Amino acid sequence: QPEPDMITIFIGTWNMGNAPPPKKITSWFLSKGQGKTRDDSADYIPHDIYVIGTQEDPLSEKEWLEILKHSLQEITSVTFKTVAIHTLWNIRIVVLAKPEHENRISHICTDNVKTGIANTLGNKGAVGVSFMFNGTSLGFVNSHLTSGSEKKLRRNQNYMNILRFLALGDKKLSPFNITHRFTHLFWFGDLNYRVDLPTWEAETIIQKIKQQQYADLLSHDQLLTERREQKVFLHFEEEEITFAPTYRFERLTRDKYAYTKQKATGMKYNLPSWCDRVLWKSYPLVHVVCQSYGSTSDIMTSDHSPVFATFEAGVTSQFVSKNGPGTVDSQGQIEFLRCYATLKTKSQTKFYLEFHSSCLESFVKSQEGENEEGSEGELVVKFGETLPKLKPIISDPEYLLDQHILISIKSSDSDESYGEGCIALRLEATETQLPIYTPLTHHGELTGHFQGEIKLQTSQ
């Protein structure tokens, strides 16, 4: 039985509005309704992994697991295995996988983050799951961010608290937050960003939705605009939205948007919005293709409609050679030429690099770089030809070209990371000097850049 080099992943997000679901929710898992939908000819083909995020979920874990498993069995005739389930308050994540994957999945982590302080601590935050699928790390975050059209900044703050404090993936990657720990990271949920138009325009907005004319609405979607201004979700992707706003509906129909201010809304308007979203971030030059992104039309117990997204995701096998794991392969090396970090920091300390990768026996610390002043005020940290030669565990190019090097630039004075990034070893050539580049972030904000050249030697 050959190991896969691709899997398909289903991501679902549904704010259930504290109501039990209807008896049939199969349309969600089939990616049927509005938007980019799945072909009917695929209906019996199971995805490899289903990741279900709920918000305002009134069910016990047992209740929801029984509905999910029975739903997938009806669709596919496959009895899925439970990989992980984690609930914070009414925010839940479930990971289900095909039984054949049971012994491909390992290192299962779960965590949660509670957002806000005092007043604003008590129902919003995130849950997450991570695991290894053979040689590939996968992370999944389901967040319920702060509500309300005038709280986009709070949402952005919630995002930064979640990516700082959610503890998933390999703890040895200590300088790296979840935005660097995974081959593929999927972040979804009731992100609660709104279409930011005047209240008086409510009926105009509804008209536009009935005409399936989303362009003038998406140009005011706070998540798109905040992302464009680099305020949130830097270096994530989202598929084009081609489905109607998923909030706020009258229950038991989808024919009416309930937008008017009510005591029950704290006297806030809920103009039709794309609250419910799926985004991802994959390491450079790894295969990831969104094959569906849409909302169901026939599940109406909540004031939100479920959202689905599906992906093709490249995966690698758990490689064993005669040498590594358990030693180096002398036929492999990674060299760096003419490298320098450009940092936004106003500080003057010395910096060194750390190289982390599962292709190394352990992380590698460089010597300190040489600080110079950039022509436009910047700190430039020059490594020149001084960076160490990295010794991979396996030299076979079928392994090494699929690997990635995480880089942290750290202060000598404090050992704190000022910036993190990632370099793919999927090069155009081996034994050849080639440009490399990564942006550097810290707490998911841009802090600088790392650039230079790489020279990769494999056993071919």
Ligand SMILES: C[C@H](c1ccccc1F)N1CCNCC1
The other form holds:
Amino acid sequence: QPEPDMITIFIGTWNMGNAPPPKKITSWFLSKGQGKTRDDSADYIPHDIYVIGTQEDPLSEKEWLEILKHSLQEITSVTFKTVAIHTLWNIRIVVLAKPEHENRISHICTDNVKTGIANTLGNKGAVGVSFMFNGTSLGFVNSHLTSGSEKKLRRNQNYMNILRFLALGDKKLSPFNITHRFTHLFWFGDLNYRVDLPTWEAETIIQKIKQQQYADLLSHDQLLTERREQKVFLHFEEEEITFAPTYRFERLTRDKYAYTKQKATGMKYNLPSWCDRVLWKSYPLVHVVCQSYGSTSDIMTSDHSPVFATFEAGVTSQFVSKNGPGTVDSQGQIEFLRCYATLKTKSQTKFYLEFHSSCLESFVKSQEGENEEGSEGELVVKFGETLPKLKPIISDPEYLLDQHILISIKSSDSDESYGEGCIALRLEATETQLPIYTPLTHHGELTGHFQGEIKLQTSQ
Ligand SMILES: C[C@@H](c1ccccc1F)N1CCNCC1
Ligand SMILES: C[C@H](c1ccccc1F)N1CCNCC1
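Coords for the form deposited with this ligand bound, given the form deposited without this ligand:
Entire complex below, previous chain first.
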């Protein structure tokens, strides 16, 4: 039975509004309703992995697991296995997989982050799950961010706290946050970003939604505008939105948006908004294709509609050679030429690099770079031809060209990372000098760039 080179992943996010679900929720898992929907011809084809994020979830873990498993069983006639379940307050993540993936899934981690302080600590935050699927690392984050149209900067801060403090994936990747630890990272939830238009325009917005004319609404979506201004979710992707706003509905119908200020809302307006979102970040040149992104029309117990997204994702096999794992493959090497880091820092410490990759036995520390003053004020750290030669555990090009090198640039004085990035080994040529580039981030914000050339030698 061959190992797969692709899997499909279902991502669901649903703010349940503290109400039990209706008896039938299959439309969610089938990607049916509004937006980019799944073809009917696929209905009986199970996804490989289902990741369900809820917010304001009133059910016990046992109650929700039984509903989810019975739902998937009805759709597919497959009894899915529970990979992980983790709950913080009323924010929950469930990961289910085809039982045929029992010996492909390992290194399962869960964690949560509570956002806010004092007044604002006690119901918002995030849960997450990671695991390995054969040679591929997968991370999943369900976050419930701060509510309210005038709190976009709070949401952005909640995002930064979650990606700093959520402890998933390989702890040996010590300089790296969750935005670098996974081949594929999916981040979803009630992100709570709103359509920033004046309150007086509520009925105009409703009209536009009835016409399915979303362009003038999406141009004011706070998540899209904050992303475009690099304030949040830097280097994440989102499919185009082609479904109506998923909040705030009168319960038991989808015919009415309930937007007016009420004592129950803290006298706040809830203009129709795309609160409920799925974004992703995959390592460079790894296959990932969104195959659905939409909302259900027939699940009406909450003031939010469920959101679905599905993906094709590239995966690699757990490679064994005659040599690695447990030795090097002399026949392989990774060389770096004309390399320099450009950093936004005002500091003047010496810097060194660390190279981390599951194609290395352990991470590799470089010598210190040579600091120069860049012409527009920046710091340029030159490595030139000084970087170590990396010795992969396996030299087979079918393995090595699928790998990635994580890079951290660290202060010699504090051993703190000033920037993290990722280089793909999926090169156009081997034994050939080729340009490489990554942006560098720290705490998920841009701090610089790393560029140079690479020379990859495989067994072929
Ligand atoms: C242009 C930018 C963007 C697109 C639509 C909305 C917000 C944005 F920031 N992309 C972000 C993801 N990667 C490629 C570039
Ligand atoms: C429970 C879990 C599992 C079973 C089926 C499908 C996926 C999955 F992660 N185990 C992983 C490690 N090996 C034993 C099984």
